[PDB]
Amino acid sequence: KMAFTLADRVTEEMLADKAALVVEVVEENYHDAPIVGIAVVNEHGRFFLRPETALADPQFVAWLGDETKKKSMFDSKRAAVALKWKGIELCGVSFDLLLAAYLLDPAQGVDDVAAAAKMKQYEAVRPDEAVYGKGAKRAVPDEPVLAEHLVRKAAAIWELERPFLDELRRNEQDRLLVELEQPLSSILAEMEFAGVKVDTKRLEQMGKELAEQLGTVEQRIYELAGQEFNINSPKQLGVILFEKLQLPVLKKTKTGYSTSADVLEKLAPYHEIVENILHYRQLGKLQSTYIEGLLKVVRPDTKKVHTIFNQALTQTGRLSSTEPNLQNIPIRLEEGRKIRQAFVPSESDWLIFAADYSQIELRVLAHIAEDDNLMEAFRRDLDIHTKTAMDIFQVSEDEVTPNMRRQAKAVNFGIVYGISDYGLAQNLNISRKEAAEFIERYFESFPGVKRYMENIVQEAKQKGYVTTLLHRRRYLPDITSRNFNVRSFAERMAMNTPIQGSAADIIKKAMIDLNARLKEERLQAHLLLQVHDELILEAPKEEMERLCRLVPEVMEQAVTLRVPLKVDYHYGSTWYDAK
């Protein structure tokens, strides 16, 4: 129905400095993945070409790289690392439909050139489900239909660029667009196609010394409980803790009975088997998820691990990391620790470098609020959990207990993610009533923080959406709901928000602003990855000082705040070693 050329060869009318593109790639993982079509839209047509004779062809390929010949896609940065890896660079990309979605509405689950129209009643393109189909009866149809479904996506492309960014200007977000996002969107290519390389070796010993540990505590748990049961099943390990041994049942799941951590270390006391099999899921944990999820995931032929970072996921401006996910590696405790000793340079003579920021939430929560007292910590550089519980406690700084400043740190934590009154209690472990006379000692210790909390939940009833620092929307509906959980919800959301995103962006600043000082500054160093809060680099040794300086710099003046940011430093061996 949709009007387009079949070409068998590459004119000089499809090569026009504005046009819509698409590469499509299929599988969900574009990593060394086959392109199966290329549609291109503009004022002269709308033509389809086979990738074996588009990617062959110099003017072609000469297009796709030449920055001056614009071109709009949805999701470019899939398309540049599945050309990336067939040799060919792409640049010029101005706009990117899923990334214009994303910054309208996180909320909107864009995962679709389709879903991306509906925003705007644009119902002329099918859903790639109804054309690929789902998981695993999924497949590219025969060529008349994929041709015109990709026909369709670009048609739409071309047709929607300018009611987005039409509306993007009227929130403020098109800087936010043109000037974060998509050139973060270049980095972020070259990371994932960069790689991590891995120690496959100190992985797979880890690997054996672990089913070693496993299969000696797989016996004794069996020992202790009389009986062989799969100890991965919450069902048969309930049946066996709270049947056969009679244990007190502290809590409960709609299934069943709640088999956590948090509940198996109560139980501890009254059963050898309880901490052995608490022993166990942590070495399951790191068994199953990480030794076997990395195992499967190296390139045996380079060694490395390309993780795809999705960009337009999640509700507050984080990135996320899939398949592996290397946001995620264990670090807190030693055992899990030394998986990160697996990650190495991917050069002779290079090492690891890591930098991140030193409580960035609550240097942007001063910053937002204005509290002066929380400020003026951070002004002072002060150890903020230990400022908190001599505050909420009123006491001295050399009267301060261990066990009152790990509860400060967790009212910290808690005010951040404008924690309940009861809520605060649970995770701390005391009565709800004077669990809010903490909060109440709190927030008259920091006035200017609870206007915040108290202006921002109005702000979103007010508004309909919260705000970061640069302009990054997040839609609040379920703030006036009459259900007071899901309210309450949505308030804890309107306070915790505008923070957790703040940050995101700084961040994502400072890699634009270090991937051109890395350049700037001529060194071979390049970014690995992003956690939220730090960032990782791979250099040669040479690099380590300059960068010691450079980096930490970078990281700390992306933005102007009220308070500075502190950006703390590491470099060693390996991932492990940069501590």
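Take the two forms, find the largest set of C-alpha atoms that superpose within 1.5 Å, and that set is the rigid core. Residue numbers count along the first chain shown, from 1. What changes on going to the form deposited in another entry:
The residue among 281, 487, 338, 252 whose Cα moves by 2 angstroms or more between these two forms, once the core is superposed, is 252. After superposing the rigid core, the Cα of residue 225 is displaced by 2 Å or more between these two forms. Once both forms are fitted on their core, a CA shift of 2 Å or more is seen for residue 270 between these two forms.
Next, report the structure of the form deposited in another entry; the form deposited in one PDB entry has already been given.
No partner chains or extra molecules come along with it, only the chain itself.
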């Protein structure tokens, strides 16, 4: 139905200096995956090219790489990375509709052109799922169905560019797309393509040790339970604890019984089996996710893992990381931290270099809230949990006990997550009366945080949305709900999102400043991972000393706040050893 040239070869009129480009990769995981079709819409009309044709033609390749040839796309990163696996550079992406849709309203969950198009009541395009199927039965259709689909997506991107950019202009989000999220897309593409080398022998050996520990702990749980069962069934585990062993229920559920982590911590004193079950859960997570799960996504030629950073998913502006998740590798417990010994540099006599912001969230809160007490704590580089304990419990530094520090620590997390008596009470295992007392005492020591948290809830109601430092938005319609619980969640989001979101803005800006500085200095160092408030690089060992000065200077000066930003850095032979 839609008019286009199904083209047999590339022609000059397909290489105009402005174009909607669709480079279609149908595999969900785009790493080394086929490109199945290409579509170009421009001043001269609508074209479909076969990829074997278009990607052998040197005039098409030059066009793709010529940064003065401007492209409007959807998920430019998907196309850039599939093109990198083929030795082809994409350049001149001036508009990414996925990133434009995500900045206007992350709540829409826009992950195809069809859904972005619905924001401007453009409906003359099919959803990808309707054309392809989903996950398993996800197939490439015959050429006529495919060609029409790609051309309609490109016609859509061609129409929608001016309206998305007008609304981003009005939102004052125009620079957030053009100077932050689009240049970041390119950097993320480099990091994904680079990958992270994995010592698959270390994994298999750690796996052997875990199967033996896990063998012993399982057998001990069968000895103590007096009967075999599935420890990985929260339902069967409930029967064994609360019916067979008669352990007390301290927290009623709907279905029957809770075996959550919080519940088993409080049950530990009542039976020897409870700590063995928590250990089996520790070991069983490492074995299933970080040994077996990691081995099946390692490329067997290069032994690298290529994550996919989803830049348009989180409600706050954080990235996320899939297949595998490299933003949730163990560190907290020693046995788990040893998994990081399998993450190695990709070249001989390179090292891993890790740099991490120290308490970016509380430093952002200090700036945004303009709280004199919190700004001064940071200007003295005080231990902020100890100072919080000093203020809420009314004691000098040397009179703070570890137990006071641990509880003032929970108040501090409470504050940034959006504080509630019920929340702090659950976390600290105290009454809601006791928690309301800590919060009350926190607010008279931190009167600016108090004023800020009341003003941010009022502003989310007045405006309909809350905002970060670089003008990311989140709509909070539930802030007016007459359901207490629904409204309270929205108050916490109003409190937490500009903190977590502004932290994300700052590390993203640092990633862009870091790459411009590595290029200027023409260092071999490159990014591998971002884990929310930490950057991870590999470089030749001869670069470590330049990096120990450069990486922290750039992360520190990413943005100017009323408090300094502080960075700790480590390097070493393996991810484990950069600590």
